[PDB]
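Given next, in structure tokens, is a single chain: the form deposited without this ligand.
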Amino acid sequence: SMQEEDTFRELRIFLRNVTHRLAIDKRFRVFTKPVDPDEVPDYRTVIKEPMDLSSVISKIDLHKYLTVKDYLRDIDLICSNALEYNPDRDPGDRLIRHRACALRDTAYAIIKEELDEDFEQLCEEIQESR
């Protein structure tokens, strides 16, 4: 349907705008790019599914998100990976964990404020029809 394609275009516009807000926030700079495997060689041994905001943007543009919940699962993963990899008492680890939690809380708060519930339901019903 043209109506269905329009819906997913509106979704991608919305997700890009949310992700941009997160990516320009100074607190979340550490989450904007993939962890560099030459810099942190053990990261991909600990973290099975890396995720970062540049990868999220690429997924939006490659039509990988058909619902808001699918997007939020990747926000969850950015947060959970950070908590898993940086668990220690050290202030540097505590700072990363605080920022990871703030990233997730901020994303959910933006979506709660701005997402029309019938729009997400429509995205879900289209997704479930294909």
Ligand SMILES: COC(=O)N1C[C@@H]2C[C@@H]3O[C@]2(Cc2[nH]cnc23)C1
Second form
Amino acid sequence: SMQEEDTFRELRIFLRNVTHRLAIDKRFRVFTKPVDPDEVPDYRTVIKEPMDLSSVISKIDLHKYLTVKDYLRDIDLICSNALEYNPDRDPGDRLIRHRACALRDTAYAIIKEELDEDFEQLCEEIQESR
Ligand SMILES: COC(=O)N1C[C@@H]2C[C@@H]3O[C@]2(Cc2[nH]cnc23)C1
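What would the structure be for the form solved in complex with this ligand, rather than the form deposited without this ligand?
Now the full complex is given, and it begins with the chain already shown.
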């Protein structure tokens, strides 16, 4: 219905606003673009599904997310990719892991304060009807 297409348009406006607020935070610059395959050639042999905040906006505009749950699966993949590629005790690996955990925790905290639980349940019920 038109009403259902209006629901998904509100979901996309909400997701673009959360993603912009993450992308302007200086702590998260290392997640604003794909890991460069010329600078890091072993990256795409270790990490089987690369993800970053530029790719997330492209996916919102392609209508890939029909719930906040499917958006948070991609924020969780950015975080898990950084923990698995950079696992060592040295400071550069510890700094990127701390930033990855802060990106995940920040996204979940904005959604807990600003997403209405009944708006998410409406998106889930339209998705399950298709
Ligand atoms: C999310 O970003 C990462 O997982 N990274 C892996 C790399 C390791 C380290 O930071 C890079 C880029 C780079 N070039 C030279 N060393 C590095 C970004």
